[PDB]
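Shown below, as structure tokens, is a lone chain in the form solved without the partner chain; questions about how it binds or moves come after it.
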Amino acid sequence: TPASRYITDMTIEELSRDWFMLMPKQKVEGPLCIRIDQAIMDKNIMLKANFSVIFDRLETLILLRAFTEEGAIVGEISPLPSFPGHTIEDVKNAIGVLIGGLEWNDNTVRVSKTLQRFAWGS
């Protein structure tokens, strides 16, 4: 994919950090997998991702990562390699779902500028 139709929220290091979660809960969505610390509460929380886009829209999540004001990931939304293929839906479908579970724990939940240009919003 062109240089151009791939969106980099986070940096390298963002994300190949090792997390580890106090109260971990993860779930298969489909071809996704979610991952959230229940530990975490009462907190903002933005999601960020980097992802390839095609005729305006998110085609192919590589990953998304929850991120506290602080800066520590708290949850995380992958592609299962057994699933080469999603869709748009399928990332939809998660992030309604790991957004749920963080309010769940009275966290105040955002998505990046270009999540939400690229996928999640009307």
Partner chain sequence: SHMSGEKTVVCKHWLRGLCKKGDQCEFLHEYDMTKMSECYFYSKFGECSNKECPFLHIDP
Given for the second form:
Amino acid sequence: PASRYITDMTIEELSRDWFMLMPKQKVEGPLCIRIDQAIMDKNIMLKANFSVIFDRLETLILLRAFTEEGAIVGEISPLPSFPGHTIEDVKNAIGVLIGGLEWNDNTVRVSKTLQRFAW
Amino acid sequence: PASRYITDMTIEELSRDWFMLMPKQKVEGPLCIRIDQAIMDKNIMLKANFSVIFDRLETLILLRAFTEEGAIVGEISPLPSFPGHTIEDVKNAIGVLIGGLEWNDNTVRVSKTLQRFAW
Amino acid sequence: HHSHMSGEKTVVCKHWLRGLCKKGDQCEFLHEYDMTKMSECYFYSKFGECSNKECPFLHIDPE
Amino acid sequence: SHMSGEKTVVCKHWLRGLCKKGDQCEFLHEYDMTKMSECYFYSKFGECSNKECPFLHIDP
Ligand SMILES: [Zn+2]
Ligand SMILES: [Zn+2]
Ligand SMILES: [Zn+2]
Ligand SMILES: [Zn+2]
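Any chance you could show the form deposited with the partner chain bound after that form solved without the partner chain?
What follows is the entire complex, opening with the chain shown before.
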């Protein structure tokens, strides 16, 4: 079967540029992880746009963490200077992002598509 | 004569000690103002214990800022050494506390007794 | 020696920075991130100090 | 020692008033600046924005 795209985010959510009061950025392998250390006590939902092949996440386009008001508080994006990444790189990065949000007492949920294709 | 006492707080709330992740403390006149710079986006309620005379606050015992979950995130307390402060000193301090809380995008409300006798 | 704008917004909208503003172009404040037009830090101003090593707001000492 | 064993880490949830375990908690419900847990951000990102961070900033 041909690859198919999962698009949790709307065009607006995907293109929006967001602000971090206490910027945190980490390059992990072929991925970049960003999070605002100032964000606490919120219900956060991770949404992502990515391709899938054989019922498994293949390539991540963009993953962002949203509060209930729709504000972006963290994200995982591929680094240009890299030829690619694997679901394994994605999982490593998601763990770091979720860990920081949990540490700051945010309740973190993951989109059903991410739960299904990344697990 | 021994003035009337207003007690918005329970003995436990009045006796509890709280923690600030990003402590901010200012001594203004005979009063001490404290606030956690880390607290943002919450609905906060100001409660206080104070004596009243002539239909107005007379002497503040303690004022604390509570989140909906009952956690303390701010406070105005008289300095031990003094038995003397005015309602104007109290209002000034309240304005500084509310200003910091609102700057951090918290929605601040004041107890009915505080509204009735001071704010 | 000629200005193109009739005037300009002098301070960035802090609410917009945190997605709490719906006024768009019509807001009194600027909706773009200009580190040179950030408002004054309330905490540094009232308390004389601020806990954010990366605070983007103005820290003005008592003049 | 008077205690059969001792807690070693302060409860971060208790610090913020988020612990409902009381005396049954496995972590210390007392502010002991010398027994705070490791700062997640300093460890994972090698930096921390809080000038007054009370959590441990460990290095290689
Ligand atoms: Zn605005
Ligand atoms: Zn500042
Ligand atoms: Zn505990
Ligand atoms: Zn730290």
